[PDB]
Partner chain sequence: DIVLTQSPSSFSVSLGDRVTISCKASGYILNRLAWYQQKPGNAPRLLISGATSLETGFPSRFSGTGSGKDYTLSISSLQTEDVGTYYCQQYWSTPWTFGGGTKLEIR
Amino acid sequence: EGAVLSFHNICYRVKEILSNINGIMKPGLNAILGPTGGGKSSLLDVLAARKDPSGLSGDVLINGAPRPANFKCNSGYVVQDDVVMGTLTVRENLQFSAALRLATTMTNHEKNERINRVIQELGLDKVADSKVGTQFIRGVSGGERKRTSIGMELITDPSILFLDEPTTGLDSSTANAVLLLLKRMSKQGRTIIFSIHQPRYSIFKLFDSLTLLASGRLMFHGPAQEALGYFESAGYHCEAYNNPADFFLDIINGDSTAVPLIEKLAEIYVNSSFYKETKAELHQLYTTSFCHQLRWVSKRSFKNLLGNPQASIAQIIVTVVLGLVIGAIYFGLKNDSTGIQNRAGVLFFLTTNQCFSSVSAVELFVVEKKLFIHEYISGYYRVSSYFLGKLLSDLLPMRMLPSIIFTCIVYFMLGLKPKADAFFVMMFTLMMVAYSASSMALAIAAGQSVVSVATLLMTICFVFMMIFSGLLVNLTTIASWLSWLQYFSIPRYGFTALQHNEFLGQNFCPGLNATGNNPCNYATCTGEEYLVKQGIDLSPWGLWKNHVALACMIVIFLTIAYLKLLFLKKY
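Output the structure for the chain only; the required form is solved in complex with the partner chain.
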């Protein structure tokens, strides 16, 4: 029933971050204070085993016997910024956590009964079926979003529960409310260790242990109220009607006056009657399958896709109105000398528009990076199942739609080659171009935190790629030390496939038959002359050569994105 998290002689380098630090965390409600420059948040990441174990130079023991390998699984860590998803209910978030974290042996009834128990302990009955939500669609208050995030780690019943600053970002009455909630939760035999940033007296009066940290040195460790009892014996009387936490942070900033400060306070405490008995206390001392994770990550990602009416509907609206505009400008393509220019221009516009609208695949792996790191090291899934699920539920149904609706709108308004295979090869080429551009987007933007640099990098890359398309330059006139760059051009393969599909068997000189022979050359009367003038093969291997080049680019870029996710700094 008890859970003592002892720790002894913890030094750390990445910069000596944490100096000589000792301490015992009884099963009460423990607290870590200090300024932000000190190791207040670094000690919590060391004790929760989510900092990388190279620089750790001490033993963290749990009830005697040392810390196990999978310690992060039987534990909790409430991150400071909430990584709960807004476009879901509370009960669906708890179902996701219970389905990916509990065993596979219990069925829906017991898991629902546990979720009902957790949602009935924290008091979330009024919002048990409402969306969590941000200020983009109707959602709950920020005082219960935090306890929703707290309830996501109480499903596995941890005896030790870590929290990173559960008051930063909240208003006052809600902060007092969840502090009283944690105070009530602590007395069931659960160790609660948390950092906090400048608490008030109504929060400080309910602690059970205190750990002051400034510049990586230990200023105090003991009971919480004995800190006020102890700092008067060092020659620092606390003024009446003054907050003791503000008193400690003031006397540690040097602003308070007694009535190299950090080292001096460190060993004015090291030789006190609080260090010795703590030293005596120290001296007597996967879960699921691949298919299950794939199904659940894909289900949650698809619910988030249809629960966000920004990136799902507005893309379809702008695609439909752009198709109506393009079908209205190029209405009735004729076979004059201006029939070549209109066809080349509209096919260039399609293959450029696909690559430039596929630039918005940045925000697949950047706006949820912290959620991915947290749920990977918490032991939910593996990297390949997350990658396959996020891919299969976000890239496919939103890149396979605009090519279909775009071709179906513009193909009969323009009046292109009236066959069936000429329709379906055009649709397939637009699909492959969109998939190749989104694959390059994922290969560039994976493992990033800032969104802008990948968008600007892809912007200059796609400006360099569309010169080699075959419209602005003739690809048979570039010098041979430079013409090899055209094989790194997705719009070149798309434009070449569309031009080979469209221009074969056309006559563009009205009144003149130039198939048997061309009288008076420099005439460009046929479509085959236009294709050979651009450097395009006339055999049926040119079209599918472009298609297999696009498929190889898809496979290579997706493999690079997966290896960039797998080799991420996940700590």
Given for the second form:
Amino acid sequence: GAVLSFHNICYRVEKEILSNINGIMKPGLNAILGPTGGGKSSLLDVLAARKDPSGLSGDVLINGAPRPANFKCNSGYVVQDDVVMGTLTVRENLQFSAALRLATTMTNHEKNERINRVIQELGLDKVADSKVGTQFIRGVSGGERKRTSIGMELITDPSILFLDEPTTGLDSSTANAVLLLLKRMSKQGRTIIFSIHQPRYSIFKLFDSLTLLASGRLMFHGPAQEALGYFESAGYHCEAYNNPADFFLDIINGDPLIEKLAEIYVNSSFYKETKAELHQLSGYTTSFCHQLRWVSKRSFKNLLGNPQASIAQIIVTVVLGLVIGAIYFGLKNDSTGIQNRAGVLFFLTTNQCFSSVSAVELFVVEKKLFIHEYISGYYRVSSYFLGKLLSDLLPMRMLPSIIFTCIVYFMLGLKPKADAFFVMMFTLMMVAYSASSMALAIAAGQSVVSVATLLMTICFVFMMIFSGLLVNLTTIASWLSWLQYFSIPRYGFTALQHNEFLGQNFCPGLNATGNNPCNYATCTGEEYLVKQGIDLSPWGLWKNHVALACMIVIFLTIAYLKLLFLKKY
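What's the form solved without the partner chain like, now that we've got the form solved in complex with the partner chain?
A lone chain is what you will see next.
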């Protein structure tokens, strides 16, 4: 089997969370234990290479050789809080893990067989076709979600398996079942390493090695059955009916003292034996397209499975379209035509911009999962980015524009030509994409959403002021005019105006015989446009669209760089 032998570890983050730690984790159900403040999860990550190598200051050595570069890929790790996708079926999650982790050369049949074997081992065949739990509804119980995570890691038939708090939040019976399962797995020769919180003695009866850590020091390392003898030799005695694990924790808590216990251990025989043994010992798979395909499939399944956001979006869009069609129904080429036309176009543009502050949740929600799967070697960050965009951002931002136009354009009696119709659709879509892209660039690489939302709203108000309606941009001062070139709504609104007002007459019965509209009348659309600053040449419309495209590219690239320079360790 595998023999993971740490030695003289010291990790500096210059607070030193772990001071001096040596041991050997032979095959079996090895364990790590101690108070919450003690560096147990930290040590676990150190052994699994999930922590920045800079602070590390010791020699980790497996089976007599230094850790291979591909270690994380050939050794599983199970996070504390399950990251499985509730909106998917158990077998679907295992299938995703199998498809990306296992080699491409293998056939789909072999991978399906392996998945069946794993489900059989973990006893999940009952729920192999059930939802894993949206947490709005729970297709499976907590224990089965945990077993599913363990299965995802087990797909590649790992030799070394790390776990963090495998029994936390579970009921006593569920925890016992999980740990008995781990004991069965270890009997096969698989080295299991894990951390726990105040285990029961039925659980503690099953261990093969113990590692007790407090304030970053090694109180004990050796066979669990003999830990009680060691402490009793130290003088501390355990009354019956008291769980020995709690007894160790009491001894640590003093119910300073901790350094005294460390000194005792260094004087111990176990330490000498372990040190002698240590000195004796010292003596991507897949292509880009495949990753993109699979992550996009998973994202779309989640998108469908969670109907709240999508369905609410479509319904609100339709209702707004119908209401606006009723209110602005039958626009007239009279004194009030200009007001209503500009108003509706402004409203549509702002609705597209302000309805995209819900894109912050795209990457904020799935930060932990992305980090875990990137470290574990599932996929690159490029494939995650493009697949997630192509599955979530593209369709649900393209739809509202189509709904709005199809509903309003004919109820409102806007221009009857088709070239104008599709320009309206394209312009609204580009506004939505650019706004959502900006939201991504602002929200990417963040775990808190509120700050991002506030920032987006503030930015959008300051953009809205510089839209043509409220301010008459020709009037703004020169030292402030240049900010108008940073506004998405300005480009969209200007394009829509240039599409609609051109070739419209708003002075009925002028008769042009006196030929005097007083020069204060705004009797034509061209005149209104030039008075608002717009350009009547065909270049104006297309330059607005061009600017929107450039903003899209800029913001998406920023988001990618923010993900690629995120702290993943």
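Positions refer to the first chain, counted from 1. For the two forms, the rigid core is made up of the largest set of C-alpha atoms that agree within 1.5 Å on superposition.
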| query | finding |
| --- | --- |
| Rigid-core-referenced C-alpha movement of 2 Å or more between these two forms, selected from 54, 515, 63, 539 | 515 |
| Core superposition result - C-alpha of residue 138, shift between these two forms, Å | 4.8 |
